[PDB]
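Encoded as structure tokens, the following chain is the form solved without its partner chain, with no partner shown.
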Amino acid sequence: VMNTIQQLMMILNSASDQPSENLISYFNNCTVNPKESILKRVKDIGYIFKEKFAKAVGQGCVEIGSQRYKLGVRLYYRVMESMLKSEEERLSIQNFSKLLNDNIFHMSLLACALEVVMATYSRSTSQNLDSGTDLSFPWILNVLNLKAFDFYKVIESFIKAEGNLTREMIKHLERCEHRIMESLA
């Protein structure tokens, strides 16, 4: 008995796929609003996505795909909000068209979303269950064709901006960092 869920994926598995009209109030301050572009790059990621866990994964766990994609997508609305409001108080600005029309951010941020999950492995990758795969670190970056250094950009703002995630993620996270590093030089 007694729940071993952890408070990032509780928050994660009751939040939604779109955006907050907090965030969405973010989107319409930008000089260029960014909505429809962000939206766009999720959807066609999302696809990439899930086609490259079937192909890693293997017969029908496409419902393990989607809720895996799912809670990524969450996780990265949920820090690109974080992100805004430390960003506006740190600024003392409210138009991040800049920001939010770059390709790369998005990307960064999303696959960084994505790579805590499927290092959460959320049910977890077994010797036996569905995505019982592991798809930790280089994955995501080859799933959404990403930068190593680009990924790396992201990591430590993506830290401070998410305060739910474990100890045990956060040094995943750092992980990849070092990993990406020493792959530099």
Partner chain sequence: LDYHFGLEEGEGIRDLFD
The other form holds:
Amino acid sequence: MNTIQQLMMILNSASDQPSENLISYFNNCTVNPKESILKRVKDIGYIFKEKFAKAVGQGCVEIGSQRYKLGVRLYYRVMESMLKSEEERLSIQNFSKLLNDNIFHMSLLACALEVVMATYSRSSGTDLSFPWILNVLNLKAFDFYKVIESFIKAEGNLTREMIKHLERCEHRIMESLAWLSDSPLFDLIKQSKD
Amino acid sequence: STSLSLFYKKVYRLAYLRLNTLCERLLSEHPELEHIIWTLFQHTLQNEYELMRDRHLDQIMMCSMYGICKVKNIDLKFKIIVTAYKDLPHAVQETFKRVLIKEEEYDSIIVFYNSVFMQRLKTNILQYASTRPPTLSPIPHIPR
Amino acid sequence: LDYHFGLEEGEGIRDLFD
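Okay, that is the form solved without its partner chain; can I get the form solved in complex with its partner chain now?
Time for the whole complex; same chain goes first.
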């Protein structure tokens, strides 16, 4: 019963930086992640615009920036929702391990960017259709998937169409992508077969 | 390993739903076949996982249907299976026209069954051939 | 709804990377 309009208003005014509360969580960690988190956002954004422009026909594409930023605003809003949630579920305030994991932040961000770019599909060479974002970030399908269900429970403002799109990406990971030879899954299966 | 169990759990639900969809339209005459096929299907994902490598879930699915029918003498042509599959909303022709064989070689889903599938599973598929009832694998709950 | 949530109450995003 959600409309595209509300999430659009939320992201439009949301901040590009971690909130006071999110930093609160960064400072509660055995190892402080605020540093790697900011730097990662800086570099990926640099890589993302160049790639976007390249995939999009050719030249200079002022639209790549506007999207990445919306991605980041969602990324942070979702990370803080997940943390608040975990805190009331396990009653601990640390989380150092989760928040220092490169893959976790890599997956959250991608997922968040996949949603933002989805809404603006009706906006050559080829662009974003779901798998694209993976290659752009050098992120495996099996890792992305690990972030999907939580992302859906952390963001109460997702449309029906957006959850639907997220599920379709998940089904494609499960049907083949997570089974490619480059997939961490086979190690996860071997590690378990012993 | 939450990651690995979440993954399998969901891959089973998806797989079963698609299997149940095809079996209800293709094998209504023999309602018993679905549970045996699902058993072979699950056995594969769980124990012959190398078979999925660079391959598609639906290719193993249609190959299990075609298999058990064979040992139970139920007449089910692959051409009939393909046509139905095409009706599923996510279905892409390429999934049964271009399937991996050895290294970089692709051919129809038939060459796959006969050249790779049947061989890796021949031994096991035989169990079900025994005129004795099998240890059917548990169906994915999937309520709600 | 109509989406399959496979996580159980005793499970959370933190166990997925744990």
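Residue numbers count along the first chain shown, from 1. Definition used throughout: the rigid core is the maximal C-alpha set that superposes within 1.5 Å between two forms.
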Problem set entry | Rigid core superposition between these two forms: residue from 119, 42, 61, 159 with Cα shift of 2 Å or more | 61
